[PDB]
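Before any questions on how it binds or moves, here is one chain, the form solved without the named molecule, in structure tokens.
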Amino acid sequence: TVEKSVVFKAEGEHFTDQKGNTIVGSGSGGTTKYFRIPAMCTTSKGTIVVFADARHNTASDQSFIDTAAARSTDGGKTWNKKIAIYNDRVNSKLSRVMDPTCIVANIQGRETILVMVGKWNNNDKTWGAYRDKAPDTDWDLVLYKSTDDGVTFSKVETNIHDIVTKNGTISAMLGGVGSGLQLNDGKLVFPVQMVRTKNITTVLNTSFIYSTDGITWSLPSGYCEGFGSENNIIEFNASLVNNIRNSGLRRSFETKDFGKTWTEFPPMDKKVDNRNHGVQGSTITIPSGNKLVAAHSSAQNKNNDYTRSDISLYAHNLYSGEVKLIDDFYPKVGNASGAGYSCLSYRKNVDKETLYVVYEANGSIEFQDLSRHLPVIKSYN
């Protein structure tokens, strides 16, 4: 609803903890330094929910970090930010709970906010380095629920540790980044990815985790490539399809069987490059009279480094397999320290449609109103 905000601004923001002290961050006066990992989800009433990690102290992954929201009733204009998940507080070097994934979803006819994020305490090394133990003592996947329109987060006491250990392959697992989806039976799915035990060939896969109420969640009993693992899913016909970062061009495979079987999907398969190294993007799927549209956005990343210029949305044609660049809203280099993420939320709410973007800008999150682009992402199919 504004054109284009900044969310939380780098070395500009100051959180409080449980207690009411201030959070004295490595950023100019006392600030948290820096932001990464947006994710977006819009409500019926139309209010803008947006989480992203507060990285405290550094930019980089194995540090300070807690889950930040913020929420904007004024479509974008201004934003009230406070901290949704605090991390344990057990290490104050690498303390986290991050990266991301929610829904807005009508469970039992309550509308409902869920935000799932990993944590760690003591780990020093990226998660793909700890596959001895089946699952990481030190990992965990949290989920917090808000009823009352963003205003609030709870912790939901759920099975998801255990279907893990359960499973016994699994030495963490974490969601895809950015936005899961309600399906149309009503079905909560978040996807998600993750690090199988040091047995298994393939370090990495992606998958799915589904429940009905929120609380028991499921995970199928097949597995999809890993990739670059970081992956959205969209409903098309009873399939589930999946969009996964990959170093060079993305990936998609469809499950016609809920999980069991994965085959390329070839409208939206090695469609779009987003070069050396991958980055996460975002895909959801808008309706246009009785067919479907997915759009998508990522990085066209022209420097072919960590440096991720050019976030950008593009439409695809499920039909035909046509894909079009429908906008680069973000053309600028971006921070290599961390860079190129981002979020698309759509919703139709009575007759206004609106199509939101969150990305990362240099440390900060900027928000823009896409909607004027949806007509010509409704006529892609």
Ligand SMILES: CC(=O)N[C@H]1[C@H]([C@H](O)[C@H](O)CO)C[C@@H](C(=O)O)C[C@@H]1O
The other form holds:
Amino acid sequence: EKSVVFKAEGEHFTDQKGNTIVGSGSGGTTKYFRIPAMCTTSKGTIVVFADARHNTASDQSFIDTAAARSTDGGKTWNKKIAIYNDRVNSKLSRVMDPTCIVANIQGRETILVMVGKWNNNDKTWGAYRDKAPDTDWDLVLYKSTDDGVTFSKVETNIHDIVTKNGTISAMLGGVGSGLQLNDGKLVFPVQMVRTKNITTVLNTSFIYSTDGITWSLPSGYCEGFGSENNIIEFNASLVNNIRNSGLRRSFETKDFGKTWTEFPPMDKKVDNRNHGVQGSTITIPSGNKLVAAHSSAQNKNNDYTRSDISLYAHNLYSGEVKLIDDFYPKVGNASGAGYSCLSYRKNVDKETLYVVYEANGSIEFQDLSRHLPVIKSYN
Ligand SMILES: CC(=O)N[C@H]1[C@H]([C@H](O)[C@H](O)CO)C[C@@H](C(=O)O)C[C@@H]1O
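For comparison with the form solved without the named molecule, kindly provide the form solved in complex with the named molecule.
After this comes the whole thing, all chains and molecules, with the earlier chain placed first.
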């Protein structure tokens, strides 16, 4: 009823030379997977990115970005590494926390994946606020134009726009999926760690692009909260849905990121309890209306176990919220649990709703398409 995308202590990857990557999982396997991001193409192909945390679940560890590709509706997966860390520090070199977009970029169907990159930092990224930006940090972008078979680095101006801003120590995607707007614009939700002198330590915002190469930052910022976030398009607004300890937060911008105000249909509607968790938020059409589909954890133990990863529908008109499916009704592994990513498409006349999520160090997939009539009615 599920499939396993990446099995904890059950995968072997190879490096750029073709030599095996001996992780710390039993038999030299990759120890742990975290932070899934899924993008489905017009061909029905499913690509799932995740951190391959070869040695430990820790954020501060040796990590590559794995990619799993399914052309049979999520039954089987071909796996590889999409992005290798720089291999400076065998303990700490890492690429992590993917955000993906599937888009037609001036006609060309492309999967983009953006990850943060560190080498020698031994502490969490929010600790490094002395520089503009941190010298250990980067934010890299890879593309596939062959339906997810191969990924190549995109040379961008993302590092430059962060430096020129001068008030950002580091930036990361919002985690899970970004979006292509109706007009074609590419949008990644972002998280920012501000330089020490900025009283907000954290903010949310987005970067945008037409061609995937040259990106821009808006002049304004949204409050950070727990900073992981996704954006949806709703009329002329961009609307975010942000991790927060306790009740999730949602703001709208009507001026393309200059100012943000609370968005009542989603603000404070889902409780993730202590510490918060990443959540995935997307839209699903229902006639010429929209419904937001959202996944995050109920967290019944009020801790890092992040139990009960659940799908909700948000009525974007009335503000009602309901539980559609507690699709992972289990207590997670507090080493790292709870994260998810949704993906909706209508290809021809076939609508699909998929989810991937963290399951005891593995990444699982479910086809949630049976729930579409319920979600679509929720307008
Ligand atoms: C870059 C980084 O540290 N990201 C991590 C996140 C980060 O440490 C926090 O958001 C604080 O910046 C949190 C997190 C979790 O809560 O499970 C996992 C995620 O990989």
